[PDB]
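Participant: Listed below, chain by chain, are the residues.
Protein chains: 6
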Amino acid sequence: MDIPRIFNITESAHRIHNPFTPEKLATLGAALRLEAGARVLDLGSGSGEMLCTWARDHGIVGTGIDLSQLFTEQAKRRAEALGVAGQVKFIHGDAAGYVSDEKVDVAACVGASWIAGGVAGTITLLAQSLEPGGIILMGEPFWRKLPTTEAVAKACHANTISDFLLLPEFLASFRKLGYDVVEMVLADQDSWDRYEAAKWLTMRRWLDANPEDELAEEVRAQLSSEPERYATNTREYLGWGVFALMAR
Amino acid sequence: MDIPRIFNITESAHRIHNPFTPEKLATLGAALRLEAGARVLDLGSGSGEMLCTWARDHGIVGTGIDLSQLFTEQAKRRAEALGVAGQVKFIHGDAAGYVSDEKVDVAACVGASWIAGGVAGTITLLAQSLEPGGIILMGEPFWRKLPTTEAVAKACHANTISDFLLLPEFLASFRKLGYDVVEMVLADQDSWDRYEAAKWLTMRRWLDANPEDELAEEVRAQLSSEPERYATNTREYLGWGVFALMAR
Amino acid sequence: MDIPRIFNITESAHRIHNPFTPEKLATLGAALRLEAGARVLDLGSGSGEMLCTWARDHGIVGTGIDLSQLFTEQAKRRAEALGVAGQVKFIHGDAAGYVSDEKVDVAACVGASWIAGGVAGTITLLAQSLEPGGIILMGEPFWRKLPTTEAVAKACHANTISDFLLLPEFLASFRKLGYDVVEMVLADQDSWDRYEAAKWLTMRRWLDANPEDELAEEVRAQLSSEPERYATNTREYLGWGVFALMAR
Amino acid sequence: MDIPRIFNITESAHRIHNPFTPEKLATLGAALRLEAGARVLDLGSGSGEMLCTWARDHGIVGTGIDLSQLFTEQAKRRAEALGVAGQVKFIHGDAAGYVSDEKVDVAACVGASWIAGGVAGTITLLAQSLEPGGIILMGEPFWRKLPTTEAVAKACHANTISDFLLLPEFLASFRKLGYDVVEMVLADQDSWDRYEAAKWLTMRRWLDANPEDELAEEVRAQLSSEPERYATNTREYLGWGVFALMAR
Amino acid sequence: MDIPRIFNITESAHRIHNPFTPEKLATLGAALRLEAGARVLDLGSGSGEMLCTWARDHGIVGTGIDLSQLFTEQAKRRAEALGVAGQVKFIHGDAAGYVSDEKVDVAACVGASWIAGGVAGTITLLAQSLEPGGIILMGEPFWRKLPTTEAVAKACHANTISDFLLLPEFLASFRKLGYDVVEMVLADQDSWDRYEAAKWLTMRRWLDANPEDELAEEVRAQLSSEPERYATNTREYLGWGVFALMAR
Amino acid sequence: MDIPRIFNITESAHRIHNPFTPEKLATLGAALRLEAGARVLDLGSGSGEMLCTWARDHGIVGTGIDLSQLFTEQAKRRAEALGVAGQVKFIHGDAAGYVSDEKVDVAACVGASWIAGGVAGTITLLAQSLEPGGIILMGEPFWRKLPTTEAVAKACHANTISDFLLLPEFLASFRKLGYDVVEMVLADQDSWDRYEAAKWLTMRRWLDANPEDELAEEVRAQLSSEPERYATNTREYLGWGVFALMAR
Ligand SMILES: Nc1ncnc2c1ncn2[C@@H]1O[C@H](CSCC[C@H](N)C(=O)O)[C@@H](O)[C@H]1O
Ligand SMILES: Nc1ncnc2c1ncn2[C@@H]1O[C@H](CSCC[C@H](N)C(=O)O)[C@@H](O)[C@H]1O
Ligand SMILES: Nc1ncnc2c1ncn2[C@@H]1O[C@H](CSCC[C@H](N)C(=O)O)[C@@H](O)[C@H]1O
Ligand SMILES: Nc1ncnc2c1ncn2[C@@H]1O[C@H](CSCC[C@H](N)C(=O)O)[C@@H](O)[C@H]1O
Ligand SMILES: Nc1ncnc2c1ncn2[C@@H]1O[C@H](CSCC[C@H](N)C(=O)O)[C@@H](O)[C@H]1O
Ligand SMILES: Nc1ncnc2c1ncn2[C@@H]1O[C@H](CSCC[C@H](N)C(=O)O)[C@@H](O)[C@H]1O
Ligand code: NA
Ligand code: NA
Ligand code: NA
Ligand code: NA
Ligand code: NA
Ligand code: NA
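Residue numbers (the authors' numbering), protein chains in the order written: chain A, 1 to 248; chain B, 1 to 248; chain C, 1 to 248; chain D, 1 to 248; chain E, 1 to 248; chain F, 1 to 248.
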């Protein structure tokens, strides 16, 4: 099995499947003070950009599990291209209930927390793989500012305003779970632009090539509506970041 | 050991050590559809009013653990007075890490969640005592409305506004923990008045009797300031309720 | 025929199918100054709680018509349980166009006014059964405060904001129909909680028992979303009450 | 002498001539921790509901003075009906300057403070009857929220906004007089509804019976206008409560 | 009998006794798609401008009843002046309870609904004269925008804000009565100016001619105050229109 | 081919298929200073009211293309009725890509700009038919005021708020295209009422005649909801006008 086809089409040219730039991803690697040889587990690892670049830049080793066949293949090509295939392994499969045999120094789920039914569930899962004194990484949305209506929330892929919290309350929610927040690297509007806008070029080039595809009608509708939807709703209201956690 | 002396002085005449009336407490018992013989565990059971009245009215049995020696003694006198000592047992002691040998149908912590380091920790503790298909009860504050300043928060015994959530987000926080909210009974302003205002009469009568006590100066200052503090801050801004939870 | 199955599932454990507590229902009985022997007609009588309790407490007699087979059966069991079956009769059927042969002192429709196509139509219908000098009872929603968006209205089971009025304008609407408002008993937030929150426990227990039912998917979705929806929309914005009317 | 006829007509069926329910009145009795044998003086005692019910429920004894002949007669019938005539005495007369020979444990004026020219004057009067260590009870209005215009104030039976204070400032005003506030029981909107709405049924039934009375025109005008006036002005803006005071 | 003298003085030179221009009145005639021979009943027909002009322009026939002797005489002169006396009949008298013997295609009350005690009563009366498939016309005020204070309402000849509704809620009120709104023609500020400002010239010319009349003092006061009152209150806040209704 | 059936049903009795009165349409003709013999092309000409009335009043000649068979037939009957069939020709067909052989003095698209994929596309198309020094006419919506939510936009037949602009920005958009705005005639609320309200009478009369039509259910739902929807959304927020353009 796989993820739905439309995601593979829309994000086929993304290295990072989230609102983070390469510069943010490198900032995060350095913020974690990763040492050579550190072991990383990444559940929902996308196209392996985090593991591949940290292997290259910090000498880490690790494993990435992802449900997408396409993105798994990209991750493997990426590790070859960077010269780090010896350090990082990519597995195509479902990461639900995944627990590592050898403990890791960093256990991450960067924007895939439905794997264990939400943020708390995912933290509990990742904790099972974690070396005492290690770090858990959660990549998650929050309100950059509070939407004025529930409709802005539904245009940001939530059901209600209560699905997300403003940053102080979101940070508080990790504390209330039992964790210290020990680091964080947040998206800014420019990093959101990178994630969203790149989909538009990808979609248009796909559409030009696939005018009689069963999905061409749907894609054409998305391409038409997305820039304005994104600018009106997401760009102003939706925050995102990676939060580093250690259990008290 | 015990709780600090000032709490015993201020609340010596309270049956319910929270912003709930007798009528709210009975509403809660009926809302839970308690059957005769149902087993209840109550961590931080106060003066045993919940266990004693539900024993009388619904035929439940149970155990209440409380750190206060005074309130434990009151709970035992209450059970005798109601004719339910055969059904409900009160233990003087620290409820931290308390796990029941026999499972219970209802496992409760009504305004004492620091016992396991917060709401999530306490839910996890209570779950260890719970019969499959049972209910967890959490009695907790939330924002009735959002304070306009951090100072209102500090006047409501929080450190920051982020310590509490508005009701929709608070309900969402239980869902995000993995629980369905299956019932709730909330304080209203009248029930808050019962909890707070009763302290003033108690304090004044204590003060009249104990003019040379080491605490008389402190109590005199509290009595003077409390009604206005309460009316300005708590009465308008601070919500409270009991939430009934079942793990999904 | 019957009402849709989902209502029978959700409300199977409700005595009162509206945002009124037992205490509100008793307040209403006393507010009407009901005399022993007074005759009451109740169209859309639910589980007969109003007729049964007023029979017990005030010595009234009457008839309740309801389309639900389940709720009719409950009403009949309730009258037996209270010792008032001699005083109150429950009929399973459609109350549209129902006119009593003997006149009544109180003719009521408590939250079922679609029976005669709305509030005005229902008042006109009930008037046909009414003794000169009798009282008409209408149980109806109104805006507790004005929603800020049409979406809050649609989340409160209206189509538009104009479907309901703020209380002064709603009271004015009865006056403009030709009636004096002679009494009223309104829901508060606690009574709304009783009506809504009780559905959640009922639904969860049903779901646990009926995992392969054709409705399990729908019920699971409702249970997940309802507490937050209710707290965000209904609890703050939607009013409800019973209004007592006499024609000028 | 007597009170004006219109008040006797409008309130002839009220047990409590203020925005308090029976449940609030009983809450107040218990909040005061009244002991059997405690002596109560009630100036402007209405229909004696406070004295009669506290005699029945707490074993108090006392005296109620009221200017209304009707309400005095009702109070005497009430004490007989409850079996407490031996404990409570009702006197028809003017309570201005009334000082008790035997001291009392509770000296009350519940919504009649014009007797001594206002709140401060009335407190000073009641203090003359009070046992050292006793409680003074004042039943008084305040702003539940601040009216936006002087016209809302005049529709709430004040002359100006400055006639009343918001609750914190009102509580402060007792402190500034020299008293600790030691307890309080406040009206809510439901208790206001009980007080106001009951007048409408009373008025309509009176009007039906007295179509050619000199007051029928005035009463008809009041009945027409009151529900909307009440809902627009009083229900949202006007607070009321009973405050228990002890001199510092 | 007649209407009070001051109205006859103020409006003696008006053809249309409402905030409608001739152009609005003609728009309304065409909007109703009146056919030659259609029968119209007009209760409170003023100076007969609606009947006379529709007779001339659409070939309708009809009857107008008005309580003013003056305005009845004007209506009769108007029908002669337009050459339509054969088509339209004006009757001086009270239109309360008026029911036509022959049914009509259009039954109208344009700003005189106190005749049957309000909008609903008047609709019910007009319905008695109506051919199945005919139209009822109601000319009524509503809030163009919501006044900020009750005083603006009293300056617009209402008692309270709740006397009128904003247009969406007003339209909803007809729907809730059982009627489809099938057409409407609304006043604008210019049509209000025509109705109000014309009174000022009339009043001044009357005053110049009648300096010792018993009403000269009152008229002088009105003339002085009206333009500013009108501009401050009515022109911005008060809406008006004619609504065409058909029973569902 | 044709337009969908529902439009033909709803607008069968409209001469002007837009929020313009006859008086606005005549104002526009005079504003353009049309000379006898001037040639006009009208793409999406509706029922030909613009061409027919300008032929009659200004002596213009022209051609109207419309996709509706019904509205084309009406246009031809209209030209006969006005005595201008010699001057104006109506063609049933698709106006997309339509370019005139003889140049015209006025090239118009009045509320049909989807013909060339929007305002800019339509201007470019019309320009191909235009005599140097001629005028292009575009009939288009804009925001009369900015909706407070995207839902108001969707209730005004847009997808997002960004679909339309406030008038200054809308006028700027023509300037930014390369055109001077040389004249304009805008709808007001009364002209919107004419366009929308007339649909309600048409729909009701259709419904009365066609109770078993496949569309009766849909039409009944529209008739019920439209007046309130229109008053809440369109009447206050949606602007419309005809803008006269000359290329710089
Ligand atoms: N059950 C599952 N197990 C593993 N991966 C899953 C999954 N469900 C979804 N995914 C993957 O979760 C990812 C979410 S996008 C984030 C990917 C990556 N962390 C990055 O930032 O680039 C997708 O790559 C998708 O393929
Ligand atoms: N570590 C601990 N173990 C058990 N009880 C504790 C405790 N720390 C505080 N408490 C108790 O927690 C209670 C908080 S007040 C709430 C008490 C009770 N549930 C009621 O509603 O009336 C106090 O009674 C206090 O004695
Ligand atoms: N046409 C109809 N005739 C009679 N009852 C109807 C009906 N349509 C719906 N109902 C009933 O109307 C009720 C609405 S709920 C309110 C029920 C009751 N008055 C109470 O307050 O508890 C339901 O019990 C439903 O069964
Ligand atoms: N001068 C006076 N002396 C005694 N009673 C007076 C008075 N002037 C007014 N009253 C009484 O003051 C009362 C005010 S209403 C409040 C009555 C009562 N405390 C209750 O809550 O029900 C009326 O009963 C009226 O008769
Ligand atoms: N009881 C009654 N019966 C008939 N006409 C009445 C009436 N009471 C008032 N009127 C008339 O109602 C009218 C209100 S003014 C509106 C008049 C007319 N429809 C127009 O628009 O011009 C006045 O002409 C007044 O004379
Ligand atoms: N492709 C197309 N070619 C020509 N006319 C079209 C069209 N698509 C829609 N229309 C027409 O465009 C019109 C939009 S309504 C406006 C019509 C006219 N200008 C008036 O103001 O009255 C309708 O008459 C419809 O029939
Ligand atoms: Na940036
Ligand atoms: Na309350
Ligand atoms: Na309450
Ligand atoms: Na209440
Ligand atoms: Na105008
Ligand atoms: Na206008």
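In short, the hints are calculated from the structure, not lab data.
Please note that a few of the clues may not be correct.
[Unchecked claim] Once the Cα atoms are required to be at most 27 Å apart in a straight line, the calculated DSS-like pairs of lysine-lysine come out as:
1) E:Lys154 to D:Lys154
2) C:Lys76 to A:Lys145
3) F:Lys76 to C:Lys145
4) E:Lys145 to C:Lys154
5) A:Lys199 to F:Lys154
6) D:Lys103 to D:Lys76
7) D:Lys76 to B:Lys154
8) D:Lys89 to D:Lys76
9) C:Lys154 to F:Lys145
10) C:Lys103 to C:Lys145
11) C:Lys145 to F:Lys154
12) E:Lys76 to E:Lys154
13) F:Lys154 to E:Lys145
14) E:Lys145 to E:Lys103
15) D:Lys145 to E:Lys199
16) C:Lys89 to C:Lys76
17) B:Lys145 to C:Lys154
18) F:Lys103 to F:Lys176
19) B:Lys76 to B:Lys89
20) A:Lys89 to A:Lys76
21) E:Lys145 to C:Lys145
22) A:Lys154 to A:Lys199
23) F:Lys145 to E:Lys145
24) A:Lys145 to C:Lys145
25) A:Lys154 to B:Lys76
26) C:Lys145 to D:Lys154
27) C:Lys154 to F:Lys76
28) A:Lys145 to B:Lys154
29) F:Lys76 to F:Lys89
30) F:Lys103 to A:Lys154
31) F:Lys103 to F:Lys145
32) C:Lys89 to C:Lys103
33) E:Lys89 to E:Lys76
Participant: In ascending order, which of the hints set out earlier in this document are inconsistent with the structure?
Facilitator: 2, 3, 7, 10, 12, 14, 15, 25, 27, 30 and 31
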